[PDB]
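As structure tokens, one chain now follows by itself in the form deposited in one PDB entry.
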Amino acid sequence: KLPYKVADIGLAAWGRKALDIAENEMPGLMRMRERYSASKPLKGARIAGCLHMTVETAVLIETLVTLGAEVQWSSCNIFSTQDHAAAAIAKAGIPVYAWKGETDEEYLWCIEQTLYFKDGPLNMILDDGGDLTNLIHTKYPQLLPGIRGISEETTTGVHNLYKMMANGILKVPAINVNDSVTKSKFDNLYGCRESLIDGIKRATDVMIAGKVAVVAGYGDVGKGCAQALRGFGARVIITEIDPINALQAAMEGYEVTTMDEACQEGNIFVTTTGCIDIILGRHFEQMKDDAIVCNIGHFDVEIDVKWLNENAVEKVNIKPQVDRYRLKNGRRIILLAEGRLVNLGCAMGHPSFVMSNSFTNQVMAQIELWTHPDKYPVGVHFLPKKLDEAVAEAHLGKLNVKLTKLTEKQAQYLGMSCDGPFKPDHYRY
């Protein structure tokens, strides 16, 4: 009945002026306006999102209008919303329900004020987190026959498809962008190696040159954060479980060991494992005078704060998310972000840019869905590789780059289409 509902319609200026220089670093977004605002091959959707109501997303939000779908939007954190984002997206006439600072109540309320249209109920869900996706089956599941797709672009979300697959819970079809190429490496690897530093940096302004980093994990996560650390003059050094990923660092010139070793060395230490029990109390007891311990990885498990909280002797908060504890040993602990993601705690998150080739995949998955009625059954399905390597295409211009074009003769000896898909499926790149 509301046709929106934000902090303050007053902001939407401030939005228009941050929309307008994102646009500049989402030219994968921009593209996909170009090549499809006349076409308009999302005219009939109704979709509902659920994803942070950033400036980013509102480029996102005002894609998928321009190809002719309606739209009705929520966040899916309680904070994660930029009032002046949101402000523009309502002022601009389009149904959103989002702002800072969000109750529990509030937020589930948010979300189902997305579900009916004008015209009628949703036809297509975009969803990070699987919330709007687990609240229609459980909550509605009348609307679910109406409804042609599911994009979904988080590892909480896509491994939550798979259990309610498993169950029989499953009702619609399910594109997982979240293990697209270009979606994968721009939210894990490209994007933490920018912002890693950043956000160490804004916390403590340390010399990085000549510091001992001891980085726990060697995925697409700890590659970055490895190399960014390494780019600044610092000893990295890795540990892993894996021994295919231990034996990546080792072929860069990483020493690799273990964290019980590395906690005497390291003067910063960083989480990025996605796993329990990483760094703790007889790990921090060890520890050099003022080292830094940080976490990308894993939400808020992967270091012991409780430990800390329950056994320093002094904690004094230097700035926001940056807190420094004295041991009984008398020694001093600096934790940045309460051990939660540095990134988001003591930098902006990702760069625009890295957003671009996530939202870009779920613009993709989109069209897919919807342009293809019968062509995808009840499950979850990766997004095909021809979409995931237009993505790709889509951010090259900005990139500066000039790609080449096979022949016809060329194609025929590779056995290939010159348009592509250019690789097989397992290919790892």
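Residue numbers count along the first chain shown, from 1. Compared with the form deposited in another entry:
- When the structures are compared between the two forms, the hinge, where C-alphas stop matching one rigid part best and start matching the other, is found at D187 among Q366, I279, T57, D187.
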The other form holds:
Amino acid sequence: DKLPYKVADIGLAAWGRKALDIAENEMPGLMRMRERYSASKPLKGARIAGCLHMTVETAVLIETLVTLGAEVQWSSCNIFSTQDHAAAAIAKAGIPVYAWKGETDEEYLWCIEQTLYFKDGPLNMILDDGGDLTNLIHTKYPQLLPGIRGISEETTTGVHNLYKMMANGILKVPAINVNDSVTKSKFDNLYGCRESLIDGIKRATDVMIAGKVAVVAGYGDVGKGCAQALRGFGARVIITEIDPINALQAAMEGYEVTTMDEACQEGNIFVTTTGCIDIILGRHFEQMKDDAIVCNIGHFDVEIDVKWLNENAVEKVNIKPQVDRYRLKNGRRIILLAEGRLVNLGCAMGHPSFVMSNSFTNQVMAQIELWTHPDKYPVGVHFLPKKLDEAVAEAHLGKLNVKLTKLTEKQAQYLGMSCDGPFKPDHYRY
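Return the structure block for the form deposited in another entry; the form deposited in one PDB entry was the one displayed.
For this one, just the chain is written down, with no partner chains and no other molecules.
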């Protein structure tokens, strides 16, 4: 028969629950969503199958969907991002969770497949982060497509895929771009990585940032956070970019912008925030400085040629889980973190719960949208109404004791807008 779940140690449920209690008090968005849409169960009948890093933050989201009458089955969208105590807590809660830190490509695939069919029917809703789930159903379980009502993508890379599929006509089910919600990409990607990247490098290497020259590939919302994080600790940051705008942004901020070919000979730390392949190749590792720390924080491990290292390094010693130190022919060494997988989740705990509350509340609203108002979202990737976006940030103001100002009638008139309604044009960039 099938397994009710599959975690590393159900025994961790105790500790994991203690952590969920703490994260809950830090995620007012998800809690404000609970108490409001609990007595109504707007997701009643929904059989949500999610694929997202099984962490304490995700655990609070999973229970929130449930609190809303939703039926759920989960898996982690990465073999190294799962938090066993958090996964156990959910497992103990009676939810079908299939994840654990340190899964093999095989087990990873298997884990997702275990969330495809519920006790009484296949999935009708999707909650993805990376696009791995949707890709599996569209390429291996097409039969389910018409059965699935909607989708909600979490990250940049996953959303990049959706548009691609829609533009090629491969996408056969509606989908809401959660990553590009203002209260997401401008907070999660930016502030979330501003605090999580350094944590991943720290727990893994304990290296001192100050005095070190760090190279950040790409200056998007993620790279902006990483660069700021490193600079704030006293590190000289260099940036690489392909977009003249982003590149000019980094320059206006006092960052040096050059190519990886030149920068590889200066960096003491390397972070890839690009969403594309071949960012750091052997040509680069060969010129690096002894004991240069290298990691990737992008969604997919396709930026650092970890393969070249294994097939070219003279020695390969593992310091501890997710931390390896290669020795090249030149005699110098290289430090690889999480085997190239997103370092903040692989070597640490990912973004703190507060910022995650922002993303996850967008996620919940999205599920409620593709499930309650299918007519508003036909086959194609859509954005969540700016009215809801503003609402998400609104829910997180109180905790920070922030006092929002209210537009008077005269003022609302003068500006031509509702003191309650949206405050910015859809094209606004924040």
